[PDB]
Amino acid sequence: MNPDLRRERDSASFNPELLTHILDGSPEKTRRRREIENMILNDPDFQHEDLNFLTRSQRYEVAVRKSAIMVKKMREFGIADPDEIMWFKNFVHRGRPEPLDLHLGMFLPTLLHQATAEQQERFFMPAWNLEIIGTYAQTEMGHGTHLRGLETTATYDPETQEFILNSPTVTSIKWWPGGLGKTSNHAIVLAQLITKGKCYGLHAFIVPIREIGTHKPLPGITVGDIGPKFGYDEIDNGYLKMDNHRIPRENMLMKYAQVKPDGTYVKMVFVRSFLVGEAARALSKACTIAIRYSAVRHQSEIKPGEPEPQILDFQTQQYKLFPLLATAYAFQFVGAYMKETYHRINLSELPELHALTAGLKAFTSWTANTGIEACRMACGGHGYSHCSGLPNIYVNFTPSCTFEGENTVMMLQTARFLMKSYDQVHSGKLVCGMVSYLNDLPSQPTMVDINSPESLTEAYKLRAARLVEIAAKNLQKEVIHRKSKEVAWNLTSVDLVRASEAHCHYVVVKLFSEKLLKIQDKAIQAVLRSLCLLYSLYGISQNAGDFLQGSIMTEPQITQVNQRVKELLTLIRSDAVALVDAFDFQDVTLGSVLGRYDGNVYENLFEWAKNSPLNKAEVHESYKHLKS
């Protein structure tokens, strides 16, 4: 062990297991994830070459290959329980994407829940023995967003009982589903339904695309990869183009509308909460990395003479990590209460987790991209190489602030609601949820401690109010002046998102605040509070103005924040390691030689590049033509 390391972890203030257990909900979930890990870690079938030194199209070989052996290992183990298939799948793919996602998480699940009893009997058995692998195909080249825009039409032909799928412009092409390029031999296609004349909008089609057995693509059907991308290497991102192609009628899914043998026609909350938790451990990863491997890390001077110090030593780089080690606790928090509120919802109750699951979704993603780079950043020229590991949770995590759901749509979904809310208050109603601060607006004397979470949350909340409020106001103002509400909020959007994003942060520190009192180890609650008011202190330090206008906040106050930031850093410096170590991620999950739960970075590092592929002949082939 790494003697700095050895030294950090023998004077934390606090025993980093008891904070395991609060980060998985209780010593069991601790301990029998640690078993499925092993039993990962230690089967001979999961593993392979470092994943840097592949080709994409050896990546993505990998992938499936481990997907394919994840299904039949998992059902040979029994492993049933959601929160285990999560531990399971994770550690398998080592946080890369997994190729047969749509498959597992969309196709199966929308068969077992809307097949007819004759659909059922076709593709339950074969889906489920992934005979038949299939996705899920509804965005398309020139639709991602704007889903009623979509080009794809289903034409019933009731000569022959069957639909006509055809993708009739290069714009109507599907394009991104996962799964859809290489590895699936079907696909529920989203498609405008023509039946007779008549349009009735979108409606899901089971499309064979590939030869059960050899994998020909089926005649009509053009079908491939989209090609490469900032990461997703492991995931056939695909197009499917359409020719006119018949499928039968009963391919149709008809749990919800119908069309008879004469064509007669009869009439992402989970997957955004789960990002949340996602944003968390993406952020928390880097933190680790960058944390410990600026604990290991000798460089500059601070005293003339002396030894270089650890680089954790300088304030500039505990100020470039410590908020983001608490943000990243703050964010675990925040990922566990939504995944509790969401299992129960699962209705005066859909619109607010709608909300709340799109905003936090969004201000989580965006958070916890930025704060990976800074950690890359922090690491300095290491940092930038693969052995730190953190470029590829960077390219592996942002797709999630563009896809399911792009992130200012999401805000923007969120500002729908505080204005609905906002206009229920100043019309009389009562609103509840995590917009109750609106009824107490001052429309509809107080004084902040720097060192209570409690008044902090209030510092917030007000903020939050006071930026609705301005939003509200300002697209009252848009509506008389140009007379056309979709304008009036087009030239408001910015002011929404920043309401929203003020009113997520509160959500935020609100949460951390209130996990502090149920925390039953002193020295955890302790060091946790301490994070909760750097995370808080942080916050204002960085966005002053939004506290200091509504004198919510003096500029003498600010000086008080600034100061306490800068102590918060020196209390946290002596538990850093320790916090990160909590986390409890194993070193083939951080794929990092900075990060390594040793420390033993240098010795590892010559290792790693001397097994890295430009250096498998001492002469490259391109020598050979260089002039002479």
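Here the rigid core means the biggest group of C-alpha atoms that line up within 1.5 Å when the two forms are laid on top of each other. Positions refer to the first chain, counted from 1. Compared with the form deposited in another entry:
Lining up the core between these two forms shows that one residue from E121, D313, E454, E308 moves its Cα 2 Å or more, and that residue is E121. Residue displacement note: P261 has its CA displaced by at least 2 Å between these two forms (rigid core superposed). Core-superposed comparison between these two forms: the C-alpha position of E555 differs by less than 2 Å. Positional change of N490 between these two forms stays under 2 Å at the C-alpha, relative to the superposed core.
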Given for the second form:
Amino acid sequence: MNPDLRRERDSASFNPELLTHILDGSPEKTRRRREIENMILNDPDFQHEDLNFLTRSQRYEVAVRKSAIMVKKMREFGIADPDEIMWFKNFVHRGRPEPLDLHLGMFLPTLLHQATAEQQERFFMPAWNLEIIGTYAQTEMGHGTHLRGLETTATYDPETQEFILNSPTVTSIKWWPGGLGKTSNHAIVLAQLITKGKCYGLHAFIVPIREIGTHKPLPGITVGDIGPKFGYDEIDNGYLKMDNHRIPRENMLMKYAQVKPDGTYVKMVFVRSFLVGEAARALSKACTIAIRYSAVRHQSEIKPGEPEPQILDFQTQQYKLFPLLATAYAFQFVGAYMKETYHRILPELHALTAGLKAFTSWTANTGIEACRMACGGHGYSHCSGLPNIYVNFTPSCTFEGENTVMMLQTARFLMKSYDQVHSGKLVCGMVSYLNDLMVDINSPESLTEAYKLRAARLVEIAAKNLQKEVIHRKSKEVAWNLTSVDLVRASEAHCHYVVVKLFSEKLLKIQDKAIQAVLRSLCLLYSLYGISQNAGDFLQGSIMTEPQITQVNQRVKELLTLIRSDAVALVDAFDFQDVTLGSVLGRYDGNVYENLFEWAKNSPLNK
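Complement to the form deposited in one PDB entry: the form deposited in another entry:
Below you will find a single chain and nothing else.
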């Protein structure tokens, strides 16, 4: 072990083992997760050349093969709990996305929960056996956010009792779906339903796209890879063009609506919750690499005659990393809170889940790159593992609701809540602070209240600005568009308050007093950093005075010093194995330099 890391670990104020239990949810969840990862770690079937050394084609081949053996192995070892499947999937794929994600994550769940019994007979087992490989084709070249503008049609033919699936234009072609290019022989296709001569809107269809066995595209199917991307090298993100392709009537998903044989027409928070936890995980891994490597890397001078200190001793380096470390923990607890209240429980839930998806993904996105730039040159090399974490996490800000649009869906629920209050009614939950229309900087409860007042101020500015535009502009929709920057600021401040409140609240449930102490130092640093970084939002409305902002900035610098001796153990508690970080700089043992020279010598331009 590198003696800087052993020393850092020996001087910690808390037992990281106990903090891993808190993050997993219980000691048994830690044991069960470690057992699953340790099932995989030395399995040769899950070993391969470093993926940064391979072509995109080879990376795709490696990932598809792993996803197959892994479906087989999970069944052999009888792993079947949804948490456990995800522990297994995560560790097999080492942070990379995996080509059966849509089959296992959308196609199979959709069959079990949205398909008819006769659809399940026909499709479910061949899908579970990977005889049928499925994807979900929603987005078109021309439309992703506005699904009402999707051009794909499903036209009912009563003479043959089929749906005719059509891509009438180049923009109409399905674009992005994972596994669509090369892997899948079936797709669930979102299409505008036309029956008689009327459109009834968006409905979902099971569409065979390739021959089972041969994998040849069916007549009237054009399908392929959309080409290389910033990341997702391992995923055959694909296009699908349908030329009036016919399917049985009975391939429509009729859970909420039906077409009769004569043509008559009768009348997710899970994934956004998962994405907050993925934001936590990605930022956590990035903080682990950069903080360990900051404890290993010596550079430059503080005391002029003295040896090069660890760069983590520089107040600037602390300022780059510790507020991210605090942010990581905060997001870990927001992700847990939302997972544990989705099973408990709605307009607020939808609004809250959209906003936190956007808030956590944006903030983690920026975090990861600040972590990479904090390592200096070696950060930029794939030896850091930080480029792959960035490029594979960043599309979280665009898919499953583009972040700006999500914040506007949040703002709609905040304006609805504002109008409810000013019309004399009462609102509930996280927006209950809208009913009410001097800070102690070492109190999480007191900073939560500061963040509450910031949100109420920005929500009232958005409402009033909106009210003036509604009175002045030619349409309410123009008024909305011309208030949209202020509506996003309101949704943002709302989300930031929710994160402070949830992290503050978690502290009271920590049983171990040493862990409660260091999490409180993270919760205070998160809250105080956010005030420092948004001072104007606390100064206006007189929520806080200039002297208090001075004291906020003094306390942030002290918290950096408090956190320094606990930083390594705090990232150690995330419990990422070296193979999950993919990082020479961030190895558990801190032996970077001998391993960097090996990695570099073995790399491809030296054959």
